[PDB]
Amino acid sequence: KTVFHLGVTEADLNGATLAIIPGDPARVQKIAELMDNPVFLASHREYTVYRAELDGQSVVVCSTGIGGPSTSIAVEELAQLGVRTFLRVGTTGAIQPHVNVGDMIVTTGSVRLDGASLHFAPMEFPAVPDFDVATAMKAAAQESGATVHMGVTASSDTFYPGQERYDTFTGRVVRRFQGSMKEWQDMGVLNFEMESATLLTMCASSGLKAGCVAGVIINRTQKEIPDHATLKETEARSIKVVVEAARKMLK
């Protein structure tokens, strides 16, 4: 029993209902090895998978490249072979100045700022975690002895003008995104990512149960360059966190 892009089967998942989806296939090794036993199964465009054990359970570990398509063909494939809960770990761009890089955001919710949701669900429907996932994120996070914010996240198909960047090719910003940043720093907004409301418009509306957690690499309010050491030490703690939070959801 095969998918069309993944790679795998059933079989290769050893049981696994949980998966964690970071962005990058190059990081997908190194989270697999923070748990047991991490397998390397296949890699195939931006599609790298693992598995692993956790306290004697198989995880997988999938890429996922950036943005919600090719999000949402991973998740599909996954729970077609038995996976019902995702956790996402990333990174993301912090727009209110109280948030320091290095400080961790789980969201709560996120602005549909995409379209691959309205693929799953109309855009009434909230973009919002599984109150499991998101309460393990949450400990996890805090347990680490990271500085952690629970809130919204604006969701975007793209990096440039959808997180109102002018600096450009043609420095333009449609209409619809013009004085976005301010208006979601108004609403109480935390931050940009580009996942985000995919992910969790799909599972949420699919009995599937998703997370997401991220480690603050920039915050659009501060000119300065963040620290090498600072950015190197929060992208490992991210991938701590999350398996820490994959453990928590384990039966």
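Residue numbers count along the first chain shown, from 1. We call the rigid core whatever largest set of C-alpha positions still superposes within 1.5 Å between the two forms. Compared with the form deposited in another entry:
- The residue that stands out in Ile225, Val39, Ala26, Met187 is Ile225, the single one whose Cα moves by 2 angstroms or more between these two forms on a rigid core fit.
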Second form
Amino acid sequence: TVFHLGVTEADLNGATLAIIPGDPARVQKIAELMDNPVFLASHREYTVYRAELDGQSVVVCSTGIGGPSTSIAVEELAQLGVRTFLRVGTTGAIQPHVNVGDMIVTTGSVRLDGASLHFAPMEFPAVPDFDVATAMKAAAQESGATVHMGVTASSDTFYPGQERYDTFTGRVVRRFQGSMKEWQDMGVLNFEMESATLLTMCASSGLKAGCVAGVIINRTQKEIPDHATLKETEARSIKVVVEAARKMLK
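Since we've got the form deposited in one PDB entry here, give me the form deposited in another entry too.
Chain alone follows, minus partners and molecules.
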């Protein structure tokens, strides 16, 4: 019955934890890694499944791309009792030796977004819940993935805010010119688009959140991710996030 997600509290069957990928197509994939996956609804960028993990209900809900739709999903799920949010995403590596297929667990986000400011002023840290970050690190490491813990630059755009130049105008606004090297020099691991919003919103709202993402491109090489390695990277990331969910449930 929530405005956008089209699900009710009853639909969630007691779920207090959500796995929130960006891509609607990833929802079923994640759900099927758990028990009794059930399709709930799909409207706009929000595809929602429920499943069971060690006897506990878990909701899987896509967020779409971007802080704005992410913020809607988190809010509406929180309205229905969800308190823990595990983003599983795709990401571009900023550092040269973070490779495609590696997993990145965000310890803090550079807030290159707008939606985070709708929850807390810029000085507030876009930081994950410590339990979630711990669970994500553990799940990733236990899985045998190559895992990096660190800061993520989280941008409201895919193109200029991640300093991509292979674009229609080929221009990047002054603020973002040279930004990728600046973040690289500052030890920032990766770019994605939703963690600043997610982490700030949750950390300032009594919700627990984290972000783990599979590296699909190394930005020291090129701007557009290769298709060939997307599926395997995604499969690894969802294995990891489901295990992180297990760790959060008990």
